[PDB]
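Undergrad: Below are the chains, spelled out letter by letter.
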Amino acid sequence: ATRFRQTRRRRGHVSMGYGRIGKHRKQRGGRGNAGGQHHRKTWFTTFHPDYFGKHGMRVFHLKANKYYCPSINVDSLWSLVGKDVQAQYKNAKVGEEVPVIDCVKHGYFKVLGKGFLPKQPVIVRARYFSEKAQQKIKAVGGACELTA
Amino acid sequence: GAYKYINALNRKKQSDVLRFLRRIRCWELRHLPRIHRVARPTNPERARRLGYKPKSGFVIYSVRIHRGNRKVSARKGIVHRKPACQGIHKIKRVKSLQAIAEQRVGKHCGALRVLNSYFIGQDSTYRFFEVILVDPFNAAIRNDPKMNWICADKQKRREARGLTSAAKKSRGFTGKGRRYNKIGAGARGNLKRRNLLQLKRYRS
Amino acid sequence: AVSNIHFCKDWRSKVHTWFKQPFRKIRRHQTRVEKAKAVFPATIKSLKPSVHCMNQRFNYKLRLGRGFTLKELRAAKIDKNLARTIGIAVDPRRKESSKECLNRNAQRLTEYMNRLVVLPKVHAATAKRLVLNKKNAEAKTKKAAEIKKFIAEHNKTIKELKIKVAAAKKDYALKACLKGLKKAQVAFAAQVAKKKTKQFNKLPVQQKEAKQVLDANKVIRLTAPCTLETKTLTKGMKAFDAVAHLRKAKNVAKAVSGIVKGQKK
Amino acid sequence: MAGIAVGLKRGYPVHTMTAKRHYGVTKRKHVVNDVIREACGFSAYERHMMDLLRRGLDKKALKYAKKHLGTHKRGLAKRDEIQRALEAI
Amino acid sequence: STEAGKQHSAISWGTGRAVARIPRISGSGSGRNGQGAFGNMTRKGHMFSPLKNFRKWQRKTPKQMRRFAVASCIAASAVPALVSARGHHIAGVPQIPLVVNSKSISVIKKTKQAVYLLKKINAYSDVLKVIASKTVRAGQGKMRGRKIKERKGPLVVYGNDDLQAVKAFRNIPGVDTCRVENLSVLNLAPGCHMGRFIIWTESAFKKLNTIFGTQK
RNA sequence: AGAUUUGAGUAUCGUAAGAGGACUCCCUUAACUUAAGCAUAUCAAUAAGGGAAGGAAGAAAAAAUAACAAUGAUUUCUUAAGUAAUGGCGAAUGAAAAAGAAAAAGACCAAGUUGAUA
RNA sequence: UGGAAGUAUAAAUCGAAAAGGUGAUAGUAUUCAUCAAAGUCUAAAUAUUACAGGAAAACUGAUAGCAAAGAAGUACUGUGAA
RNA sequence: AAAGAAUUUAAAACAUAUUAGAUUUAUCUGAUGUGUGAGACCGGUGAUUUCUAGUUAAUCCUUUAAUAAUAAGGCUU
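Chains as they are written, first to last, in PDB author numbering: chain lc, 2 to 149; chain lQ, 2 to 205; chain lN, 6 to 178, 189 to 209, 212 to 282; chain lk, 1 to 2, 4 to 18, 20 to 91; chain lF, 55 to 270.
Read the hints as simulated data drawn from the structure, not as lab findings. Incorrect hints may have been included.
Straight-line distance between alpha carbons at most 30 angstroms, and here's what the computed DSSO-like set of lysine-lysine pairs gives [claimed, not checked]:
(1) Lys-145(lN) / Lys-76(lN)
(2) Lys-190(lN) / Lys-91(lc)
(3) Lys-281(lN) / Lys-62(lk)
Please construct the entire structure, taking both the sequences and the accompanying hints into account.
TA: In structure tokens, the structure reads:
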């Protein structure tokens, strides 16, 4: 909306809001990230203190698909099936049917242990598990299943 | 078959028998005109492999080219350039001498179509090739379904556009895969596609 | 934020505008329509396999492939030369990936073959295939009796047991029936092992009203719909340690280096 | 229930299914190889090898091949073929 | 044009000639020589930053917020105070959510019958106001073909089974028809004023619950 | 004298040239500019110069990916992605497999075999 | 070249094979995987600001819009490119 | 020493054994068996993981199909 710009409120003022002493010239210290170590050093130091240098090892052709591993905590497991299914099997135990919360079908490969689980048995099937995730699942009375 | 021994023989170019024949052939070509017609290929095995057929409309032309590397065509070796472009020697042509020689035969013989070319010999100064050419307006070539593809209009001056095997190799079409990322379907066309800034009709 | 804009080259001649986008839709649609008019199952988008995706990130999803392998055509009893002419894609380049891939794509071709109807190569009713199918009709009816009757004897035990388990789950919503069916299934499989079939089945060729369908990959669904899975929680699963099994697998592979160094010293 | 994603025995339990075809020559290639050898002889760089192998300097012969062929494996094969023809004469 | 005003070989004459430093046309023999050049303050030069055809013409809106506004635009059509305030003569209409029989619509095939239906339900007060107050445009827009400027009348919203009665209503001045599924703010709130006088058919009205659902 | 090989002149029937080059395939070692100087770098397959074609051209049927519950010619679009990487590691430059679609199609030479051989 | 102990091309020298290439950190070895180079053609989906014929426009309205709304690349200038 | 059924019918690589047709060469080319490579246990076997005490080995991370000795790259000073 060019009628709402500041140019329409500065029609009449000579300098168009840029000053009389310090004019509005072409450059204000270079073109781009110029002077990263000379006259803009106090800027890079202040706001990007690790901009210059090297760190870590080079990966010549990284495989970003190999680091793909979506994760879900234990407190978010029962949402994968719903609160209505959870209440249906609330009073189950060992011996009768218990819902299987598979996570690969929903797109989660690893299960982590954070938060709390409802005090019901459950069968959690996933590719990877955490040490504290399996404790919380087994303490509630459930099982851990691997995949792939 | 006769040609399974000629092919095996021709790979022994360092042998005395083949070095003698190459020595005599290069002497004769050093005195005949630069581009001239020979009756039959001196390497009938290699000519047949590249596409030569002993039928009407197939002709063979010998071209002699001065190998080595030339200087940058700057007067008195003076170029007004930054030191990153001031070299005069050691700059190699991108097109192989085979593709360079094919164009000269094609320009000289503008009414024919260049099929392919193969290597004959070389000396301290020259390198000699033989070029397979086809007459596209011969009735035999037109009426043969397996070879009448040469009669298409886009085959006019095949080697100049870069369609012959010698010329296509200089374009980068020697293989496939991640080694040839920049020469997918043409280096310049591939470069333009990667540099396109697509501005969709509805964009954020 | 340190800006990273690659506009220092000539971007103005690099700009591609999509003003032709609303007109590409009309153009492609009109050609799709015209293709079906010309020869209708040419746009049928010839049937394609159900291949998995690559990498562990995608391997649990099925997707349409390109052409069935020559082993999948033999398993489904289809001539590879006739396959390309009845809207089946063929890919001799693909090597078979697994037995399960071979089985899954074998039923994909079998299901397609039953649905397929091939019109005669000559419309006139005196075409050979129409004449032959009338000539050998009495032999087919005689053959059909043997196939029907000796199918009806081999599946007597399996069919009866399969009814029991179906009703057992109905009343329960069981253990005894499942053991019975499992024990029967082993014996049937072991009986088949202890054997020469048709090389090629017949092409279904008949005269019918032309109901034209624009594709076959949307008719034969890749995967069956998914539902909630529930299992019987037993003492065995309650004590299985998944973390210990993962660290054992990780450490065993990392221990193959020390094994090789130990021998060479 | 569904293997494991780590280790040597990693992967979904399935039945993987390809023939390791061998690209080679026939029995007649012996004749063509020998006939061409008589009609041609040995290159300049092969003959120098044949002298070194005669003197028993096998390591120096391999170093000479590696220079003129550019591969350790191709140099080994050339050093084998040259010494095989040495025992023929 | 991307080469408009920049089609000269002009360079500045420098200083020392008692003329400004703006670039000047080269050569002699015409009055054009020695004149101004590319600069936007000069005559026959390029303007300020020339307009480029790759601007952002079309805009993007989230789909849910597009549907939020349509429901608010449909809901406002049932308020006679807002429908009248938009400029619609709805004094004589029986009910403000005017719904007509689907059997009556199915027999409409001519514009004489479509007009008859509009008169019966007292909707012709709006149709006649557009007819009586049609005028001509005021400005340069007439050179571009936009001459006649008409007002807005009733909107006829039909269903899938009322596809043959569209041809009857389309020639009536200031009567725009639409389908119940293809509704948008461009019909329901023309000029960004809400409360269009909508005439529903039986099928479209009975489909509104399927299309939009309820608050539960 | 005869049988061939090679190279010419002439006659007949044809073929190339010139225009255009917006888009297509290539050759060539520009510089202004940026880096607050500047010398590698950037501008930049960019400008100019040169050649060749069509209604499209180029590419096209794996000496290809991948390390998987695996794929499968070429082309184009979405995403990966301003990412891996490159760089006075400065300014800056900068992909591809996977995955989602448009369209889909495979065929021949040479080598080998058959020779009362055609 | 993004390709980093060399991604591609070319030149000088060298130059294979009872085959072999690739798995981007150079090297040797043993396995594994996947292909089988050094000849040719191939529609469809894609591009287009030459030029021609049409249709549209929140475009300009005679110092604007093409340089050109009239016998406009015309009148006029230069030896000439222009 | 204490806790553990382990998932379910369409198969090619050929290490091989045995024959058939040819070859002399750094010799091969077809087909028939077998195991490999197989996986459906009947409260109890137990494949499998854990714990303790020894003993042998390997141990800072990476070179992305797996290892090895050189080499190179990481991290801290």
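Undergrad: Under the constraints set out in the numbered hints, which ones does this structure not fulfil?
TA: The structure conflicts with no hint, since it agrees with every one listed earlier.
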